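Here is how the chains run, residue by residue.
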Amino acid sequence: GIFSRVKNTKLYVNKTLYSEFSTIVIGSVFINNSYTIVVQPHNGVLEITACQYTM
Amino acid sequence: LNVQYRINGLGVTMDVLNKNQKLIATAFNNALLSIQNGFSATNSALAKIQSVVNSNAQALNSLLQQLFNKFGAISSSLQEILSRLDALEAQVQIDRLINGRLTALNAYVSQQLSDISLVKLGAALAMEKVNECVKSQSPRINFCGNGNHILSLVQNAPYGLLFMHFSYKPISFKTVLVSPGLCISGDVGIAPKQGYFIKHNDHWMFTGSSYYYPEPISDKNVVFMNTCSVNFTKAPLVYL
Amino acid sequence: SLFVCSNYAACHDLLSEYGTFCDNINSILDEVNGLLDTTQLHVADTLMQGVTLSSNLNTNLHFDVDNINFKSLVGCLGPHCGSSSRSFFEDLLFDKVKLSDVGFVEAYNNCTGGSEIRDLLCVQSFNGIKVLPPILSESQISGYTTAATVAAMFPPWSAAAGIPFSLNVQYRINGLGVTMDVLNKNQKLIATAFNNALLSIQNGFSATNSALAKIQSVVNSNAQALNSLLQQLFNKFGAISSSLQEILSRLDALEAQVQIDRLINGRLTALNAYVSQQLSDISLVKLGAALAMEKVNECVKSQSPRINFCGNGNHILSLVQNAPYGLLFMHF
Amino acid sequence: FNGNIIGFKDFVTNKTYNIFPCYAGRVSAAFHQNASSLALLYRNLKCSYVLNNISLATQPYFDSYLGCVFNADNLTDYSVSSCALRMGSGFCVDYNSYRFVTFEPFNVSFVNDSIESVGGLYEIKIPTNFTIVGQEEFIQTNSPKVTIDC
Amino acid sequence: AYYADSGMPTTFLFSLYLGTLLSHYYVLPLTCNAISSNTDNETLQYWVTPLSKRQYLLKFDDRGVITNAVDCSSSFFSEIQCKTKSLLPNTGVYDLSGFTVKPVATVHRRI
Ligand SMILES: *[C@@H]1O[C@H](CO)[C@@H](O)[C@H](O)[C@H]1NC(C)=O
Ligand SMILES: *[C@@H]1O[C@H](CO)[C@@H](O)[C@H](O)[C@H]1NC(C)=O
Ligand SMILES: *[C@@H]1O[C@H](CO)[C@@H](O)[C@H](O)[C@H]1NC(C)=O
Ligand SMILES: *[C@@H]1O[C@H](CO)[C@@H](O)[C@H](O)[C@H]1NC(C)=O
Ligand SMILES: *[C@@H]1O[C@H](CO)[C@@H](O)[C@H](O)[C@H]1NC(C)=O
Ligand SMILES: *[C@@H]1O[C@H](CO)[C@@H](O)[C@H](O)[C@H]1NC(C)=O
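Protein chains in written order, with the authors' numbering: chain A, 101 to 155; chain B, 985 to 1224; chain C, 819 to 1150; chain D, 653 to 748, 765 to 818; chain E, 211 to 321.
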């Protein structure tokens, strides 16, 4: 098991304030099997892809 | 009269008790007030009473938690084991769980019988104190009270009994010259009944074992003997 | 986590959710130790209920008076007796019983400093079955007994109802029937009789005396119980082996869980039976301690008209001396 | 006698060895509600063995009869008549860092009077004032009648 | 999976059934044109910490909010703290059953 803490990166854009960080991925072999899970954010909302597709 | 007669067995004479009965009355009242106000603190009586109550509650709670233990099975609830598993293949699987609960109950009742037997022995000691120190009094040392015991009242307590061992404790002492044993020059000994012999201005007087009070020599405080020993204070003019 | 299973990870990992079945064992063991040290404290309290010693009391110098030998009942020297702990009689009693508090701490201390493996205490103490020393060492109890014995004779008298030892035996023997006309003229005979009684008592431990029989029986019973408990770990219990390394190494870590569950619950129920028997034995020891305290404050400190209680026959006096895991009385 | 291994003998060097079990014991740690540190005490051990087998010394410590105690200054001369953290053999520890001291539950009542008899008389402290005190005692006579069904 | 935007502890998100034993984890690099911008923007501070089978003493308030937790394995203090289920245990001696000894591994017995 693991534990990861993320510090918000308050980056300022022209008249807009956003915050984006890295993307975390978990797996065992990273092939068309093992049920890989990728968790990535898109400007304030998390998107999780639990599909076991190739990379 | 009971406290006055019982306090004589320790050594103090009635010459002081008869003139200080009000002191005994106020001492008893103060003792009862101290006993009644003693439960507010961490008294030993409430400690063992709450220990017995909490021990019974802890035993019942531990027994109830035994039903929630897995015992090597998949779960502890009966509905899950008889619903998820088939009614035909779960018999041998539930047999170990049911005999485990039965042996746990057997161990609990065995410990309960042992504890109840200990309770019976304690009750025997309690009845012995009730009919030995409360109702009457016998010459036993350090039994009805850790010290100079006088009386012992009884009051009901939650799951047991409570006793008021009215002891006898002194406050101030006094240095004095004592002399156990004495004998007349006519080849006859003298022994103190309950106390010692104290010389006081060329005169031999007897005092109690727990109260310095020089009283004259009489027959109720002298154990007569037939011949004098060797390590006795030789002193004439002490004829009775 | 020591006697239940060795210092491994597979056994400790399974003992997380199943660890609630050993909490009651630890609690009952703590309760047993509580009864033991509370009874020991009550015994130490009843041995000095009304003692009153003197500051100018030289135990090593002034220890004999009125033709009666008290050398074996005195065991301290100087203001602080640090080098001297027990008396001569206690030394003779503890010489034949080496498994005392000092013996246990010596056997446990000389386990890693360099010696020869000839005892089972090192294998017992390294498997979680250790014997902690009592809250009061044998030296403290021996000093308490010595103080009581000395206070019973030197003024002020405490354990002799406020009367000298010679006067106590002379007044007590009158209750049996003999008058003081014979006792007053034969005080030297009583003194030499007491000296001969002490000599016979001291020299009686060399043979198969009843005191050493029960003392060694108690020590051997405790050692046998600990050995039998340790042998339970070596039992197969229906498994292929008894060692944890073999069962967690030869068999797979996934299919051995259900197989090790029966072995672990068997060891736990064996421990539960052992602590139950230990509680029963400790309760019996508590009752025996109650009887011992009754004799201490009923026949040693004072005397009451009771028949065949302080001695099988015409009892006169009853001295007290410390013994390994108990007390010893001299029913004169 | 029981049947356990205690040694062996190598077949390649003709050497014999005696197997001695290594240290696998416990450690006692006394804690007080008003304190912050802990008084670690290793029963039946030497300070050199603990320092050469656990870690380096970082807290004040000294040897003792029971073993090597940590974070507790030893003071054998001091005596207390009431202790709450008993360690055994008449030794107690208490928060002032804890201090290793000795405890005696009860002490005899020493007096400044002579022992021998001068002129055929002795010295005994007899009372002159008295106050009847009241003690307490609870004896468990009845117990809750528990019932369990089948 | 558990995430928490506000507060110290974290809440539940979901649970699935995979069966396959997980063995790795990675951090995808960012082909981003503006990350530092000549030390004028926030950089990356991604941290990870491994876990193990341990046990704590979680204290819940009147509103069910975690405030203090005992490690139970950091030192002997945590063991005594979580042994009696109290942040400030009572006085007395505490025999720590389960003291670390750090032994060696023994395998492949030879005949
Ligand atoms: C895994 O899926 C990809 C799809 O892009 C495919 O090209 C590849 O051949 C697959 N792997 C195997 C071993 O068939
Ligand atoms: C008490 O008796 C002993 C032996 O009979 C004797 O030596 C001693 O002098 C006596 N004590 C006194 C004060 O005479
Ligand atoms: C070891 O002892 C055996 C037994 O006598 C002997 O034959 C042999 O030469 C010795 N040395 C070695 C290296 O085996
Ligand atoms: C602990 O400290 C508090 C601080 O006021 C004090 O009131 C209390 O008596 C102390 N208790 C002990 C046992 O030292
Ligand atoms: C600690 O104990 C030793 C004896 O084991 C003693 O010599 C030493 O003085 C003690 N330390 C003190 C009192 O500071
Ligand atoms: C005995 O002590 C009590 C304690 O309060 C005191 O009130 C009383 O006056 C004393 N007796 C005498 C005779 O002074």
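None of these hints come from the bench; they were simulated from the model. Among the clues, some could well be false.
[Said to hold, decoys possible] In the DMTMM-like style, the derived pairs of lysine to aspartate or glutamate whose C-alpha atoms are separated by at most 25 Å in a straight line are:
#: 1; chain 1: C; residue 1: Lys-1006; chain 2: B; residue 2: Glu-1199
#: 2; chain 1: B; residue 1: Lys-1113; chain 2: B; residue 2: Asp-1171
#: 3; chain 1: C; residue 1: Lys-1113; chain 2: D; residue 2: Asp-715
#: 4; chain 1: C; residue 1: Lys-1003; chain 2: B; residue 2: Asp-1171
#: 5; chain 1: E; residue 1: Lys-295; chain 2: C; residue 2: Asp-999
#: 6; chain 1: A; residue 1: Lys-115; chain 2: E; residue 2: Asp-305
#: 7; chain 1: C; residue 1: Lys-1104; chain 2: E; residue 2: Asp-250
#: 8; chain 1: B; residue 1: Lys-1218; chain 2: B; residue 2: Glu-1199
#: 9; chain 1: B; residue 1: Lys-1204; chain 2: C; residue 2: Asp-999
#: 10; chain 1: E; residue 1: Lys-269; chain 2: C; residue 2: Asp-831
#: 11; chain 1: A; residue 1: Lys-110; chain 2: E; residue 2: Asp-305
#: 12; chain 1: E; residue 1: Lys-312; chain 2: C; residue 2: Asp-999
#: 13; chain 1: A; residue 1: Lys-107; chain 2: E; residue 2: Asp-305
#: 14; chain 1: C; residue 1: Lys-1104; chain 2: D; residue 2: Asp-715
#: 15; chain 1: B; residue 1: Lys-1119; chain 2: C; residue 2: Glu-1112
#: 16; chain 1: C; residue 1: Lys-948; chain 2: D; residue 2: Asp-715
[As the list claims (entries may be wrong)] DEER-style ranges, computed between Cβ atoms:
#: 17; chain 1: B; residue 1: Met-1111; chain 2: E; residue 2: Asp-281; range: 32 to 40 Å
#: 18; chain 1: C; residue 1: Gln-1075; chain 2: D; residue 2: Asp-662; range: 35 to 43 Å
#: 19; chain 1: B; residue 1: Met-1111; chain 2: C; residue 2: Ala-1015; range: 53 to 61 Å
#: 20; chain 1: D; residue 1: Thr-665; chain 2: C; residue 2: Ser-834; range: 53 to 61 Å
#: 21; chain 1: D; residue 1: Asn-686; chain 2: C; residue 2: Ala-1029; range: 27 to 35 Å
#: 22; chain 1: A; residue 1: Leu-111; chain 2: E; residue 2: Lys-263; range: 13 to 21 Å
#: 23; chain 1: C; residue 1: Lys-1032; chain 2: D; residue 2: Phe-672; range: 32 to 40 Å
#: 24; chain 1: C; residue 1: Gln-1075; chain 2: E; residue 2: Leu-268; range: 22 to 30 Å
#: 25; chain 1: B; residue 1: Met-1111; chain 2: E; residue 2: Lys-263; range: 49 to 57 Å
[As the list claims (entries may be wrong)] Derived list of chain B stretches under chain C, where covered just means 3 residues or more per stretch with a C-beta under 8 Å from a C-beta of chain C:
#: 26; region: 1004-1011
#: 27; region: 1016-1028
Ideal placement from N, C-alpha and C gives every residue a C-beta, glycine not left out.
The hint says 35 to 43 Å between C:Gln-1075 and D:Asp-662; measuring C-beta to C-beta, is that right? holds, 38 Å
Checking one constraint from the list: CA of A:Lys-115 to CA of E:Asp-305, max 25 Å. Satisfied? violated, 63 Å
Just tell me: holds or violated, for the beta carbon distance of C:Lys-1032 and D:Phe-672 against 32 to 40 Å? For D:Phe-672 against C:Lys-1032, whose Cβ atoms are near 34 Å apart, the range 32 to 40 Å holds.
Proposed proximity, E:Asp-250 with C:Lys-1104 (alpha carbon, max 25 Å): violated, 79 Å
Between the beta carbons of B:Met-1111 and E:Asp-281, is the distance compatible with 32 to 40 Å? Once the Cβ atoms are compared, 53 Å apart, the range 32 to 40 Å for E:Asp-281 and B:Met-1111 is violated.
So if I understand the rule, the pair passes when the alpha-carbon distance is 25 Å or less; does B:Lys-1218 with B:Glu-1199 pass? Answer holds: B:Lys-1218 to B:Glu-1199 is near 20 Å, not above 25 Å.
Would the hint linking C:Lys-1003 and B:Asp-1171 be met if the CA-CA limit is 25 Å? Distance ~13 Å between C:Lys-1003 and B:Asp-1171 Cα, so the pair holds.
Quickly compare the C-alpha distance for E:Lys-269 and C:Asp-831 to 25 Å and report which way the hint goes. Answer holds: E:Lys-269 to C:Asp-831 is near 24 Å, not above 25 Å.
Agreement of B:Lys-1204 and C:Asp-999 with the hint, judged by alpha carbon distance not exceeding 25 Å: holds, 22 Å
Assuming the hint says 22 to 30 Å, is it satisfied by the Cβ distance from C:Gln-1075 to E:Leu-268 or not? Since C:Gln-1075 and E:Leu-268 have Cβ atoms about 27 Å apart, the given range 22 to 30 Å holds.
Sort out whether D:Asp-715 lies within 25 Å of C:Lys-948, counting only the CA atoms. Since the Cα atoms of C:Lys-948 and D:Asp-715 sit roughly 21 Å apart, the hinted pair holds (cutoff 25 Å).
For the region 1016-1028 of chain B, does the count of residues with a C-beta closer than 8 Å to a C-beta of chain C reach 3? violated (count 0)
Going through the hint list in order, the structure does not satisfy hints 1, 2, 3, 5, 6, 7, 11, 12, 13, 14, 17, 19, 20, 21, 22, 26, 27.
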